[PDB]
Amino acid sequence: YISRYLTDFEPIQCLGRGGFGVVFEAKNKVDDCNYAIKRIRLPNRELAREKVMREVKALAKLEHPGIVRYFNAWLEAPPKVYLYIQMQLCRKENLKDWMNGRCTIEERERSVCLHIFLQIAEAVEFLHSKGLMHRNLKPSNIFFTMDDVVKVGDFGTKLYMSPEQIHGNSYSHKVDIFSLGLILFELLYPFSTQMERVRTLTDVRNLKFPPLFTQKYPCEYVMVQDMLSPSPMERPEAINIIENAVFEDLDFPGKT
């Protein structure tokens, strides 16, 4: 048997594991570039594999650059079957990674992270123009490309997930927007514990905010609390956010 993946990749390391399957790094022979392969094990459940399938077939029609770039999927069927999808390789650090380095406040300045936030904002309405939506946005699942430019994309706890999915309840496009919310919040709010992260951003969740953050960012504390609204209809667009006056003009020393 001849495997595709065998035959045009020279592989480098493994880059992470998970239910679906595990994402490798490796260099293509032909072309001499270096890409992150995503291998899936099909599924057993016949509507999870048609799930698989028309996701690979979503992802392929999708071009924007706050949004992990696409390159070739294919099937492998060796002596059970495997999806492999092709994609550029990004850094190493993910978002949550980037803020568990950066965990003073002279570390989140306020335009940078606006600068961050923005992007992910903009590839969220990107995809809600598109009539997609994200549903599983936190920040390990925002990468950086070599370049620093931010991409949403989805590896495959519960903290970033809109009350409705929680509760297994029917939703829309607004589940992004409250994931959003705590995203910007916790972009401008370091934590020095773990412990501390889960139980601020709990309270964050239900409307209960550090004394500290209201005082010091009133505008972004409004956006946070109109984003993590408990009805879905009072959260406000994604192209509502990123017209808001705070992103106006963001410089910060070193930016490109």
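Residue numbers count along the first chain shown, from 1. Note that the rigid core is defined as the largest set of C-alphas that superpose within 1.5 Å between two forms. First, how it differs from the form deposited in another entry.
- For the listed set 67, 53, 222, 201, the sole C-alpha moving 2 Å or more between the two forms on a rigid core superposition is that of 53.
- Once both forms are overlaid on the rigid core, the distance between the two CA positions of residue 44 between the two forms is 2 angstroms or more.
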Contents of the next structure:
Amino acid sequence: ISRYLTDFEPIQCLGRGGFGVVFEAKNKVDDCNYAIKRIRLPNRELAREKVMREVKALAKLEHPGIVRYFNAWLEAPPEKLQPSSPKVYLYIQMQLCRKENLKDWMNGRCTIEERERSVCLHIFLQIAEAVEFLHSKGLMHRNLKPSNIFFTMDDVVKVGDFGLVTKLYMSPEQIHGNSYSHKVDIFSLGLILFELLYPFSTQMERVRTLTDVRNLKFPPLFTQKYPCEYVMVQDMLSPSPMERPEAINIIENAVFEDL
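Could you switch over to the form deposited in another entry, since the one displayed so far is the form deposited in one PDB entry?
The following holds one chain only.
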């Protein structure tokens, strides 16, 4: 007797993000399509109050870098053997963004003349201003990767799924030594800003050149081409979080004086 099937008309599955299913589905009443994320909560009554704390905090979020929230409800569906094992589902209804994301955008633009310094920065600033907002509400994203950077049907850049918890964008302290600061986010931004400015022909050559930059090894053409941005991306990829800039400081940099 589940609220989803009765009140939403499925369209397609979009992925299984964080081992949780995400559906494009039309609300029968308002006749609008929505991205509907569904996870099973942990069974621990302790580690549920954890997840239920996050959703209450995320529902307060209002910013132009943050995918518009609509609703979040719970469903318990009541043969096999004699393990009952109770399974409660958390549904989160969000604004449906484009099926294609910043990696899709990047994949279809593998030449210098297709990566205008102007446009790349404009995409980065929208990400940074979202990460800043999150940090200011005492949250971190810890999930920044082109794969998970979306566009609204209106081409507003959005930071993708986060909260309710590839590693090429992850920070050293995030992968291992798992008591990290919010500055893990600044590491990810660092690689992303670089990647936007630096088009990649082939996936192997990307993974190589990102792994280089990740260890402060920068293609000599990139440094010469974009000198200010080089300076920034070094700081963002600083091995000590403390020496990495706060999103507010990145945003207020000269580089972003244009419209």
